[PDB]
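Listed next as structure tokens is one chain, alone, in the form deposited in one PDB entry.
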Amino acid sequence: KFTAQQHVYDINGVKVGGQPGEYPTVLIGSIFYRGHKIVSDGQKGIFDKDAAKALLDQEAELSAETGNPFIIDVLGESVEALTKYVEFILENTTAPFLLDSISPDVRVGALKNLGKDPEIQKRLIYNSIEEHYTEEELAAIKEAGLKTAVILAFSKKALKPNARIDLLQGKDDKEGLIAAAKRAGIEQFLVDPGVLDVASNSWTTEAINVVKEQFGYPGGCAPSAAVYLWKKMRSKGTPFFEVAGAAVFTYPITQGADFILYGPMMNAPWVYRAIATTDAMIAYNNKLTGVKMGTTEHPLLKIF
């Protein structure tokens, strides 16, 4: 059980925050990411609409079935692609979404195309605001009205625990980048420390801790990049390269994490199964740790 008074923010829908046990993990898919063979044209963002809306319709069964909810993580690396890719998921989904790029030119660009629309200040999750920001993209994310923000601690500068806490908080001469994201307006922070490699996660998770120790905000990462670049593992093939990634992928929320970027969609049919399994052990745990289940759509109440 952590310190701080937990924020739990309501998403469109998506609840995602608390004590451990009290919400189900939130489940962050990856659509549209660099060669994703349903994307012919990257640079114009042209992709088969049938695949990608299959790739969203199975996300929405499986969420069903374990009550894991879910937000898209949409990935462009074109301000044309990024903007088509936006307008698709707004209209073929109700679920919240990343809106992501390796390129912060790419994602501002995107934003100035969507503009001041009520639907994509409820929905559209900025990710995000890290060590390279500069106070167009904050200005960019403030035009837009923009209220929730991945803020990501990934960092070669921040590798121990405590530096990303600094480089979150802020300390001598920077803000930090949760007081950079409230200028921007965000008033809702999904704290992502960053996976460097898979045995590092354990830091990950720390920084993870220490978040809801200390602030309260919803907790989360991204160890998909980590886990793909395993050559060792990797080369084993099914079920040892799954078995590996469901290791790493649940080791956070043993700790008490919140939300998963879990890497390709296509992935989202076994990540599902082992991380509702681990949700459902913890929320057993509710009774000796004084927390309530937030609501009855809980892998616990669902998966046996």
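The term rigid core refers to the maximal set of C-alpha atoms that superpose within 1.5 Å between the two forms. Residue numbers count along the first chain shown, from 1. What changes on going to the form deposited in another entry:
The residue among 90, 163, 196, 79 whose Cα moves by 2 angstroms or more between these two forms, once the core is superposed, is 163. Residue 281 is not among the residues whose C-alpha shifts by 2 Å or more between these two forms once the rigid core is aligned; its shift stays under 2 Å.
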Second form
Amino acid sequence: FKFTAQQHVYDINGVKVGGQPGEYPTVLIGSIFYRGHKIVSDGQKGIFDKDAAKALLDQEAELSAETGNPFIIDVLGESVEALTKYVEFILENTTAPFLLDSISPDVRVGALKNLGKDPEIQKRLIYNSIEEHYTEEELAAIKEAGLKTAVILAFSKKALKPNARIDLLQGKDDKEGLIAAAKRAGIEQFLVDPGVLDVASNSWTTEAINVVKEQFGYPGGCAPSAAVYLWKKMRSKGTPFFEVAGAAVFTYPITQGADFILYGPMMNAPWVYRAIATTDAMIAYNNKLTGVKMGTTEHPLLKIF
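Return the form deposited in another entry of this protein as a structure block, the form deposited in one PDB entry having already been given.
Shown next is a single chain and nothing more.
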């Protein structure tokens, strides 16, 4: 199976994301400083374990080198002060691009004012996310920071059908599309995340990714970790039951041609990389029948066996 639209392949500070299935390895996006992360003692002041944070980033680099799966760090914060310090640390202690991420839009906006229109911010900071309820002050903050890449959260609790993401992105009736909104903020590269409600609905998320890649060619991915962590019946079972259940959820979108996964807490990277690399390897081996050419020699198929 191949997509009709020519696929966007973005180069975000060296990380290739997008393409036809089997062309590029899955980009894996691990969360750091999330709510309840044990390496954060004060989520308001941003007091965190610098040694432990560095160890997670070094582990991510090592797993990436082993499998060929590139990484983007999901940097979460509950306050402007905290998220600013987290981003300053991430900039210094890895080369990877990263999501500027918060539940609260004003935390993302405040952090951007602090980080400013730094050329490094423009190259490495991906805004997470341009969502249905975006504000003009949010677009102003993105434009003033000169960001070029954003996650487009193409989710609406009233665009549940995959096909309805066309309306969300392009606009409909009197409603500006999320792509138009992003472009007004000066965004040039769009990572489309159709959103995940629960584990089962990951199949609708993946169909939405397929619609977006088929018709627009934007890189498609999703964030199933919250749904997996709300699955107490599985998580309480411990090893290896939680990990293989998680593996089934995180690999599923990749089996249908998705480009990136937000796999949740970085502490899970060791098993997530091994599962995702396995799926990537099997998909790319199908290239030998389809004629799709791998865009890089740094691919699980050439590395994990």
